[PDB]
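Take a look at the structure below.
As you look at this complex, bear in mind that one protein chain is not there, while each of the others sits in place.
We call the chains A and B, going by the order they appear; numbering starts again at 1 in every chain.
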Amino acid sequence: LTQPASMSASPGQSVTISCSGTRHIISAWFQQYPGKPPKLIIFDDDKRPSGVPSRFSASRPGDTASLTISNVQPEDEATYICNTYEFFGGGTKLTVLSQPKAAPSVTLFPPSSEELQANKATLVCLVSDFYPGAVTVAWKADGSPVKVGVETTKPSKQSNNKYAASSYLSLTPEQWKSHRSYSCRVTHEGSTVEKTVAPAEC
Amino acid sequence: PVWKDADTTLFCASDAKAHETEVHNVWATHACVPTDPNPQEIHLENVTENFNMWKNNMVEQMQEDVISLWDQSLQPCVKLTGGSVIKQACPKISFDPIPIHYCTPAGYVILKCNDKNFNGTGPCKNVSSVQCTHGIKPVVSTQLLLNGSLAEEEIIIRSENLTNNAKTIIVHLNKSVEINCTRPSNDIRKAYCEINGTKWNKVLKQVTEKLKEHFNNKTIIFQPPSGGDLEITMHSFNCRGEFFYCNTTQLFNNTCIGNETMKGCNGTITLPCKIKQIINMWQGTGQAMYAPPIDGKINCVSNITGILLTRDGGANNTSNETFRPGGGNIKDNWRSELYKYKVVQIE
Partner (left out) sequence: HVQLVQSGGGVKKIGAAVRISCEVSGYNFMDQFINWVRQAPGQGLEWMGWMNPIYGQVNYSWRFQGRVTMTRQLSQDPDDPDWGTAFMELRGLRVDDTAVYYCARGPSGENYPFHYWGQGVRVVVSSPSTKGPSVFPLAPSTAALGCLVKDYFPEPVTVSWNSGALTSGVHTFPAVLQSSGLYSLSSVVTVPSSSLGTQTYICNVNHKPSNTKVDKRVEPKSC
C-alpha cells in the first residue's frame, strides 16, 4: 500500500487520497492527529463508524482504494492511512491551507576546520520557513546518492506556523577531502532546491 | 418446502456400551441416545446452498460436549484454577475416543455438502438432507489432526481467508500417515513418536505444492511455533489417559522436502515426548496435576490426517510464505470434521 507522502487543500474543497496495491483486499481507513493514536474512519470499503463526519467517503473498486473528503474543514488537517489487515500505507498528511505556500530556505554548512582537526566532519543542511510541512531531504556526493551517515529530523512547526527541519551528514576527513562537491537537495511540493559545498573553501 | 439458516440445541447419538468402563462410553451412555438404526439421507434435487465451516454453531455445541466429557471423565489429583486448591481421587481410566453423531430435533434438519472437493466455504452443488451427522471421534490434539477423515481426491486447504494471517489453516490430507507413540516399559516420563520419514516427507511435499497453488507459487517454508504455551508449542494429545507432549521440529525439516531430494531424510523420524502431570486446564485458566504414568508399555498408533497451520504475514518485501504448526483453538478440530454439515430450520 503506497499513498502520497502529503496532500494539500483549501476549505470548502473536495480532496481525494489514493492508495494503490491493496491486493483487492477489503481495506480500512484511519485518521490520525499529531501526538494521538489513529482512529478508524472507514471499514468494509465504504462504511463509516458512528461519530465520523458524513463528508468522509471511501471506495475500493479494485487494486486502488480512495478516500474522498468533501467540504474540507480545518479539522481535517491530519494524516490519513489506508490499511489492509496488518499492512498500513505510509500515510498522507492532508494540510488545510490557512496561509499561502512558502518555499523552503536551505542553508548548507560545510564541516568546520576545528572539527576537521578533531578527525571528524559533519555537513549541516538546515531547512526553514516552508509551508505546508512536507519536505524530503536527500544527500549527494559528486553525482551519486549518499544514504549512510545521514541523520534527518521530522519537520516541526515553527513560530510563524511554517515548518523547519535539519539534516546531518557525518563523514571522515578522508572522505570529505576526496570528493569535488557535496549537495543537499530539498524537495517540497514537487519543486527541488539544491545547495552545494566544495572542499575548496572560501 | 423451504428452509432457513438457524441454530438449535442438538442431541448426540452413539454406539456406547452401558457396561463398558471406557470413559467416552460412560459419558455417551447417559448423554446420548443410540445411533439412528434407520438413517434417511435424501438428495435435494438441483439445490445450491451456502456453507461456512468457520461460522457454524454445531462446532461450538460439540466443543461444549467435549468440555463436559473431559471434566466428567479426567480426574486430576489436584486442581489449582484460581484461589482454589481442591484435592480428589485420581484413578487412571480407560480412555479411547468413540464416534459421536450429532442430530437435529423436530423442525430442524442438517444439510450435508457432498461435493468431493468442498473446501468448507462457499456454494455447494450436491446438497443432501440428513437427521444425524456421521460418527465423529472427539480427538483432542494440537498441531496435528489424528484419527479423522481424509479428503476424497486432493489435499484440501481450508481457511476463512488464506490472506488473513489470523485465520487458521486446516490441511485435509488424502493419505493417512501413521504416528506411533510409545512410552517403553521400564525416566518414566520419557517417550517418543515414530513416523515413516519417506512417507511423511512425500506427503509434506504434496502439501507444499498445494499451498503453492494458493499463494502464487511462492516459496513455502515451515518453522517451529514462535511461542505460546507448551500445549500448543508441542504436539499434545491424550494416549490411554496420559498427556503426551511431543516436539515436532523434525516433522517440518525443509531440507528434506526440496526438489533436489537426497539427504538422509528417508529414515524413521523420532519425536521426543514427555508425559506431563501438570496440564493447563482448557475450560478456564487453570492447572491440573495428575498421577504419574502406569507401568508397562504405553502405546498409541494414530492416523495423522490433518495439519493445523498459521501463516506469518507481515511479509511485503519478501518472496515466500512461512507456516508454523498450531491453530487458534480446539474448535478447529471439530470444524475439520463438521465442514460438511449445517443446521437449518424447516417451516
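Convention: a residue touches a chain if its C-beta (ideal position, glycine included) is under 8 Å from a C-beta of that chain, and two chains touch if they have at least 3 such contacts.
Considering the full assembly, A:152 is the residue among A:18, A:68, A:152 or A:175 that touches the omitted chain. Across B:1, B:37, B:83 or B:264, the residue that sits in touch with the chain not pictured is B:83.
Looking at chain B, the residues touching the absent chain are 82-83, 164-166, 225-229, 231-232, 280, 284-285, 310, 312-315, 318, 322, 326-329. The chain not shown here touches chain A at positions 28, 30, 37-40, 43, 49, 81, 83, 85-91, 107, 109, 111-115, 118, 122, 124, 126, 128, 151-156, 164-166, 168, 170, 201-202.
The criterion applied here is as follows: only the chains that are shown with their structure count from here on.
Residues of chain B that touch chain A in their complex: 163-166, 313-314, 316. Interface residues of chain A, counted against chain B in their complex, comprise 23, 25, 85-87.
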